[PDB]
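Taking the form solved without the named molecule, here's one chain by itself in structure tokens.
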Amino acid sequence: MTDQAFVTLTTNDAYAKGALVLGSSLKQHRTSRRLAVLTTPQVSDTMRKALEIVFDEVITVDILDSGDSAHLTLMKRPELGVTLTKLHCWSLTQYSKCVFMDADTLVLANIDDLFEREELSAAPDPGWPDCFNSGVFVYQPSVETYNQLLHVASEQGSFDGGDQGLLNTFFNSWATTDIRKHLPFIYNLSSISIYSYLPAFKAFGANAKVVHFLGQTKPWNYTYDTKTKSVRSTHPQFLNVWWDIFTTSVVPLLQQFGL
């Protein structure tokens, strides 16, 4: 399907590693869809070149440029920089439907069945489960929606200073409307929940389709022993999957640009 895409975002090189692992994981699980990544000019040439290989489409978004539609909102609400960049996912009108996935997620299984879903479909956020988590969502690119989101960003901002507040505000019927727009939690499994509610993880986590690495320590912030194939220090399985992909697929890819 050429009209549908997984879309991620990286604003820097550290999250490009995430993007690259995410993109690799989607190919690993044989997505039939396109892979698109939003990048900023802060993403270096080497990461960018690796992104051009992993992703079918690399889109540059520069909200620091006055030519950007979001730039005015950025001036007004500088804290929303990343949010505003992410919102450009709606500008990808070459696609009829996309699954947005943050660069700190990881695909463990084919999730092409998400394209059955409508905008706005997302998994509940743990913590405040009447908000959906904005790490993974099904949306329809539309200039109009983009404009409407930008407008909300400008007028109200984000109740949480991030994209999740803004998205929840805009798509506010999610909690109370249409159970199909609740993606199963396994499609955006918060890495925190994999110890916060451990009995639940043991009961339902073997079914995890997507892991969302939350907390301040991102996967790339870990040390990974390539001999023991495990990250160093508490349930590292997913970190280890991430690092296996990073070591197996991403690093050698990055390395070939040295020549």
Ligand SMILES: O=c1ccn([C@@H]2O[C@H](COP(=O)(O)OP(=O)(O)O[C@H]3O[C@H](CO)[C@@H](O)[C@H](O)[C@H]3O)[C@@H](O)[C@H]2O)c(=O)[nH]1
Given for the second form:
Number of protein chains: 2
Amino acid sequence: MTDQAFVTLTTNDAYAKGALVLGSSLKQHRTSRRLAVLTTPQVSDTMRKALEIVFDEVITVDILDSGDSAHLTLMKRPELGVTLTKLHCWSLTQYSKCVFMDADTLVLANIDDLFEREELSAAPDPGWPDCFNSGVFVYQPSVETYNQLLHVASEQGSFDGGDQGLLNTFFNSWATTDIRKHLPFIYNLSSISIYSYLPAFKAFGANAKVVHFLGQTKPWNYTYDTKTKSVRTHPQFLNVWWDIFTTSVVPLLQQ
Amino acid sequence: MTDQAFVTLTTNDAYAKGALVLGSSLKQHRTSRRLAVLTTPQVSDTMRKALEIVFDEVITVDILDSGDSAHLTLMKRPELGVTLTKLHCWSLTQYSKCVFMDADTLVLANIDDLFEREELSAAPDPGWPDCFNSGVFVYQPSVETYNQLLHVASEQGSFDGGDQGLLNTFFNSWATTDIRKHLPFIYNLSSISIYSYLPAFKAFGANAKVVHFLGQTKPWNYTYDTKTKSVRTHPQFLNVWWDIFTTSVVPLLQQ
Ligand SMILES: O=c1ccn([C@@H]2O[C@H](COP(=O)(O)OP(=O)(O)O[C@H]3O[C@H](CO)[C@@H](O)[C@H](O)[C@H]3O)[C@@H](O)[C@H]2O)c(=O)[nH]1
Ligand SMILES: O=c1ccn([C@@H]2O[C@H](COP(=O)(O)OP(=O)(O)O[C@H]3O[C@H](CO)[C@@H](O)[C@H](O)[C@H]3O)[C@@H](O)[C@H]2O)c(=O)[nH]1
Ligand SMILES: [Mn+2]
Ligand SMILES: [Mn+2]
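Can you return the structure of this protein in the form deposited with the named molecule bound rather than the form solved without the named molecule?
Up next: the whole complex, starting with the chain shown before.
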């Protein structure tokens, strides 16, 4: 497939590590779709070169530049910087359908069946289940949709200061319409849910397709012992992330 | 309506306080349906008399008695005591459709529109969103269904040691089938979600129809100052519970 793709995002080198591990995991599980990543000029050359290898397409977005359509909204609402860059995922009209995935997610199995879904499909967010988690979602690139989202961001902002509030407000039929737009929780398993509802994780966790390290601490914020091959019910996943980073990404950064 | 009813449960005097406040809140918001409560012999006479006043029907269930259909399963799986008593809600065949509600819930607005739903309708559980929270659900009394649930409880038990695991396993199409069986989160707003996703609560919390004090600490475990009329983003709801308990239930317990 050349007109469908997984799309991730990174505005710095820290999250680029996540994007590289994510991209590697998608290749590892033999995706037949394209891989694209939105980056900013703040991503260093070393990381960019690595990204050029793992991803089929590397797009550069600079909302700090007056030439960007989102620049004005950025001046007005500074807290939406990351959100505004993220919204450019809808500008990738070279693709007919895409699956946006946070840079802090990890794929455990082929998830190409997500392309069977329609915009806007996403998994329920723990905490407030009638809102979908914007870390993983199926959408359709469109300049019109992009302009509409940018307009809402400018006009009213986001109820949670991030893209999730904005997207839930725009795609507000999600909770009460079309069960097919509710992606199973295993396509965006928030690593925190392993504590909140451990019994559920024990019963269904083994079916996890995508792990999302939602929260303050990211995989790259841990120390990993290459000897014992473990970071210093959440480790199992963190160790998979590090096994991939250690085995595939680090050597790649060294060219 | 005489063949439809809200059904709650209490095995002791502590939860009877909750059942009385819940029942009062349903009357306060002018429900046109019947009110029923499952009780056990452990509920004292004082509480029972109060329950006989607030509820249209008080049913007594004693799984500790060999004559009860669930007794044997209780001997085999002791951790399911409360669950087995709860399952008797399906034995109330005098009603064609019911809304089960935990004794630790509180109604903030008329919710008779829930009777438009079909079994099994329930709200998403925070923590693991692909499981429904069993604190509030629409079901259809049936001896066959009761027997089927009892059989599963005996044969395999519950993945979480309580009724929620059992019910989710039995009604396992919930997460992927019929969006109408997904009751809006405001029909079972877990008081904890006020912390997890505060932004969401600020944006939609005002629409809460049912508050659920899910967790270790219940309303009756707090001290309430009748002078300042406040317990000693969660108080607002706890104070409503206590206003009702203080204003309507306490005087009732005094006859
Ligand atoms: O400096 C930054 C911060 C974020 N990102 C990108 O933005 C995504 C979202 O940010 P992240 O740090 O992963 O946020 P979360 O821990 O996943 O959480 C936030 O984002 C979730 C989904 O986007 C919501 O469910 C939460 O409420 C919100 O707090 C990341 O994966 C990256 O792709 C960057 O590129 N650079
Ligand atoms: O000694 C007891 C304990 C419970 N109950 C009844 O059982 C209901 C369920 O128990 P509760 O104490 O309210 O449990 P929760 O705090 O709501 O939580 C549990 O029950 C929820 C829904 O039933 C699940 O979402 C949770 O995972 C589970 O931990 C209560 O409302 C009562 O009606 C009694 O009558 N007597
Ligand atoms: Mn994330
Ligand atoms: Mn409860």
